[PDB]
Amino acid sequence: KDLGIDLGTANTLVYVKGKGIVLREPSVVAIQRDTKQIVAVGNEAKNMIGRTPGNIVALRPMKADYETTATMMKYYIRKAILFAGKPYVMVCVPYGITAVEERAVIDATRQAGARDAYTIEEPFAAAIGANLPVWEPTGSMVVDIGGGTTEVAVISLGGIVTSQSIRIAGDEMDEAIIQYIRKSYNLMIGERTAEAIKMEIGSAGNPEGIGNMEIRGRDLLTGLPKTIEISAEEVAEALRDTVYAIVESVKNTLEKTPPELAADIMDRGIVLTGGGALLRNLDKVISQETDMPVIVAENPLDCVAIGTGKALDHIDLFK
């Protein structure tokens, strides 16, 4: 049975034609620091690290060695498989990817047990999964916000009319929080605390009623742990520029959109996908600034994997 695979930065999802999302596993590998060989992938990497083997290092590559990709691919593909025969594999790839890179991915996926492999741009996959009328002769717009990248695209008739990718997304919001707290309180927090702040009280604006949070980090004068209280308002200000860039790429993409497709998107609205789109009120902020309806997709995390699975019903286009 044909598969679609979304090798996300943090999470990897495998769709099987008919079964749907069969596999949800961290995009992690475990490597022997002695031989530098991948000894586990995904949940096997997770458990191996959790038993503390020693001589093992945990990496997250998806944040592009050909052999890593091949190894990881071989694991997710065999794990997803009652075996019917070698699978046709659709692989989700970021928008900016180059042709030599696309052939690298295809060849590693073939190496990994695929009978043949095809690539799909992440925003195209997000649009299919979000159920936008991507095959109609009308304009649809998707904003997919991940951890590493924010990809915007206008779609019409099974293709990307125009598209823009920026390296400002989930991780960069965390990092803005870290640098705000460093500048405002001379406290240094790690990434786990920056992530928890963003999730628990983060917002793109209108932070009223979201709440305060107690956090711990390293005082930069003394080097000793310290506890402070942070407010939703401060996190809104800390994320201001991050949000402003996401807004600007949405505007820049409309500005390179043909006037009729721009007209259709303005009637139908912009659809936000990815985990980064769950930032409180990003939809309202983007809507306020573009003068356009914005909505968050129904299943914002599985959109891309579901779109990648659905694109198997149109293998012709990608082949």
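The term rigid core refers to the maximal set of C-alpha atoms that superpose within 1.5 Å between the two forms. Residue numbers count along the first chain shown, from 1. Compared with the form deposited in another entry:
- Lining up the core between the two forms shows that one residue from 188, 106, 213, 161 moves its Cα 2 Å or more, and that residue is 188.
- With a cut-off of 2 Å and the rigid core superposed, residue 31 has a Cα displacement that reaches or exceeds the cut-off between the two forms.
- Relative to the superposed rigid core, residue 288 undergoes a CA displacement smaller than 2 Å between the two forms.
- Fitting the two forms on the rigid core leaves the C-alpha of residue 55 displaced by at least 2 angstroms between the two forms.
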Given for the second form:
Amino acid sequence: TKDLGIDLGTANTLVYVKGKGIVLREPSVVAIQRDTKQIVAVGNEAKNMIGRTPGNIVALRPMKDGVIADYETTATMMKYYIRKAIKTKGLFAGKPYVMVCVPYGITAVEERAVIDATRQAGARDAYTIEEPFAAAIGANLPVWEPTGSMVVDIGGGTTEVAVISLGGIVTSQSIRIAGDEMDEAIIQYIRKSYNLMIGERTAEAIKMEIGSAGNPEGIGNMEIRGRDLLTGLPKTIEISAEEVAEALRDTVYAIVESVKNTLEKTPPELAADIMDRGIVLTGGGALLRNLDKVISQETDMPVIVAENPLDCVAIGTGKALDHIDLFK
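Moving on from the form deposited in one PDB entry, kindly provide the form deposited in another entry as a structure.
No partner chains or extra molecules come along with it, only the chain itself.
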């Protein structure tokens, strides 16, 4: 019987097996029959279904923009990801134990729902770890010592800020402001400034290539193709990093404010530890050009992007399987 940690992200799902490490990296996507709502495929299998299936099948991210997925969706996705990860040719394989990463502050009712869905999906039993703690373990922070640590996980739908000390979360804030809203800010900006409509792929490409959080000087320029909203015809334009930084500015400073505010609620001595140690960013949204510089300047604090920021949460969920009792 294997032991799994699962990060069912708003954009990316990762499964970690004790002993092996991360074995699965697939988008958090479902293929749904538009009229019956039936989920017909998950993950990569959902991707393999679209364009190849007669019915009105649609690929959707159930947690886009940090929306909480309902019970049935959660249990259907979990069942796919659990089955795919423990796929070994053999016998005498018991139902796995599963650590599920969850948001900070989940109500006891919601937590029971996650556990129930995860057992329903095939787990012998399921446990939870709060995401900022998973993230801090995966970023090699000293979560068990008395010193203050700070982590900021920016994903697709959610940013989570947490000061950690002595094996617990001391102060924490979660906002639905992250990679999806950054993409939407770019789409809206081009829509108002150029009466042009671009899709999510293009907004993502724009954000990765010339997106930036602070001074955009020297980042350059991009040619992008979209649809003219007056004529309906494809149309190509030129956008500057200055424009993109301007489009992102309010999203960035919502994130910066969450960091500042959390620090301002934290016990002063844990803050001074953080000032010495530094803030660690995790999640794919931490890769936004110069976000680490901006947060450092607005807090007068060191800021480091953790190595492999897209895996920290999943690694931390995996290492929690070494001391399961501490999460029961």
